[PDB]
Amino acid sequence: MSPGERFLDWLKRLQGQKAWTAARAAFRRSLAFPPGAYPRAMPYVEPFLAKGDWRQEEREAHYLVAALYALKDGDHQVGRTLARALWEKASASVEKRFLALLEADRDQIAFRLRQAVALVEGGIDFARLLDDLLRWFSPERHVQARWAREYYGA
Amino acid sequence: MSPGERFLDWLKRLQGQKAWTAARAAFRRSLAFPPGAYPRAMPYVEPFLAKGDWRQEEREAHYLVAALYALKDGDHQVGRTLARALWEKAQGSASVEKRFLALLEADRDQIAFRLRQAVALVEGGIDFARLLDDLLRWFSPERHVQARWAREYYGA
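Quick note, the sequences are listed as chains B and A, same order. Taking PDB author numbering, I'd label the letters of the first sequence as residues 1 to 90, 93 to 156. Counting from 1, one number per residue, gives the positions in the second sequence under PDB author numbering.
Don't take every hint at face value.
Quick list of the computed label-pair ranges, beta carbon to beta carbon [as the list claims (entries may be wrong)]: (1) A:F113 - B:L121: 34 to 42 Å; (2) A:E57 - B:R116: 32 to 40 Å; (3) A:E57 - B:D75: 34 to 42 Å; (4) B:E57 - A:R148: 40 to 48 Å; (5) B:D75 - A:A50: 25 to 33 Å; (6) B:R116 - A:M1: 38 to 46 Å; (7) B:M1 - A:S93: 53 to 61 Å; (8) A:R55 - B:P141: 43 to 51 Å; (9) A:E58 - B:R108: 28 to 36 Å; (10) A:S93 - B:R151: 38 to 46 Å.
The list that follows gives simulated cross-link-like pairs (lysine-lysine, DSS-like), each with its CA atoms no further than 25 Å apart [said to hold, decoys possible]: (11) B:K51 - B:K18; (12) B:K98 - A:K18; (13) A:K72 - A:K98; (14) B:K98 - A:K51; (15) A:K72 - A:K18; (16) A:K51 - A:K18; (17) B:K89 - B:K72; (18) B:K89 - A:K51; (19) A:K51 - A:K12.
Honestly, the hints are just simulated from the structure, not real lab data. Positions of the beta carbon are idealized from the N, C-alpha and C atoms, including for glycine.
Input sequences plus hints: build the corresponding full structure.
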């Protein structure tokens with residue numbers, strides 16, 4: 001059972017509860033900020049986080065995914081990765099956006115990632131998104147490679 | 001067709017196309033990074049790769065050959081292999097034979113750097129198709145490619 005899958009489970013269960021309303025507003029509000037730097041969003045994520053040992057970029061990855069999930073309003077389509085979604089939205095100009103995503107550094111990744119999620123139509127697999135973001139920064143650049151195969155695979 | 005054959009073909013179509021200028025620069029820029037980890041070079045290669053099933057190292061080989069081909073502005077001459085060319089160059093310098101040997105023993109971390117360095121060293125065209133085919137099988141346990149390379153070099 002993947003860390004991405006677990007989180008999505010946590011996020012899904014969260015959406016059915018009464019708190020979803022405040023939570024969603026909190027997640028959506030957090031985009032203005034660096035992931036994990038918005039306290040309102042914190043009650044919703046920190047408890048899930050307490051179970052593991054997470055390095056900082058890992059918490060950020062979780063917080064980011066929660067916000068993006070909130071954007072798509074819980075719209076999680078399994079099997080459909082963002083890269084594929086990005087391909088499906090076309093278009094030449096998009097192909098620049100997708101590459102620009104791959105070359106993003108920690109500074110720009112959340113923003114570019116956010117901009118990219120708003121753009122696609124439908125839902126994307128958020129469990130996949132988290133597992134992929136968790137390993138985004140290996141020196142090998144293997145995740146980015148797979149996204150390429152995914153995007154150009156379509 | 002061999003895989004090196006099919007790729008070289010692809011590269012050649014690319015060269016006689018308006019995009020070539022940009023691709024040449026993108027492939028050149030990529031030498032600064034590990035093969036396949038440079039996004040701006042992607043558009044030129046992934047569409048080709050998508051039509052096949054490749055292990056990562058195999059995918060990496062293509063990217064490397066693509067950058068090397070660009071480094072030499074497409075100067076490809078069938079039958080003139082990298083080893084033969086390195087030999088020919090070595091009549092001019094004894095320094096070369098030393099470099100070729102280090103190339104031969106190259107491991108996964110060194111192969112890109114040493115290959116690049118060796119390709120720049122030679123004069124004339126080399127057979128890029130044969131090169132890709134060789135690169136793909138570089139890590140075979142029986143070391144067939146390296147042996148053949150030693151044959152070409154010390155059999156000249």
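Verification of the hints:
1. A:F113 - B:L121: 34 to 42 Å: holds, 39 Å
2. A:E57 - B:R116: 32 to 40 Å: 34 Å Cβ-Cβ, so the 32 to 40 Å window holds.
3. A:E57 - B:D75: 34 to 42 Å: Check passed, 37 Å falls within 34 to 42 Å.
4. B:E57 - A:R148: 40 to 48 Å: About 46 Å separates the Cβ atoms of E57 (chain B) and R148 (chain A), which means 40 to 48 Å holds.
5. B:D75 - A:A50: 25 to 33 Å: The hinted range 25 to 33 Å holds for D75 (chain B) and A50 (chain A), with Cβ atoms some 28 Å apart.
6. B:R116 - A:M1: 38 to 46 Å: Cβ of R116 (chain B) to Cβ of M1 (chain A): about 44 Å, so the range 38 to 46 Å holds.
7. B:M1 - A:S93: 53 to 61 Å: Hint holds: Cβ distance 59 Å, inside 53 to 61 Å.
8. A:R55 - B:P141: 43 to 51 Å: Once the Cβ atoms are compared, 19 Å apart, the range 43 to 51 Å for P141 (chain B) and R55 (chain A) is violated.
9. A:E58 - B:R108: 28 to 36 Å: Hint holds: Cβ distance 30 Å, inside 28 to 36 Å.
10. A:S93 - B:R151: 38 to 46 Å: holds, 42 Å
11. B:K51 - B:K18: holds, 23 Å
12. B:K98 - A:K18: holds, 18 Å
13. A:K72 - A:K98: The given pair, whose Cα atoms are some 22 Å apart, holds under the 25 Å limit.
14. B:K98 - A:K51: holds, 22 Å
15. A:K72 - A:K18: Holds: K72 (chain A) and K18 (chain A) sit about 18 Å apart, inside 25 Å.
16. A:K51 - A:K18: Measuring from Cα to Cα gives roughly 23 Å; hence the hint holds.
17. B:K89 - B:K72: Distance ~16 Å between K89 (chain B) and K72 (chain B) Cα, so the pair holds.
18. B:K89 - A:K51: holds, 21 Å
19. A:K51 - A:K12: Status holds; Cα separation ~18 Å.
Violated hint: 8 only; the structure is consistent with all others.
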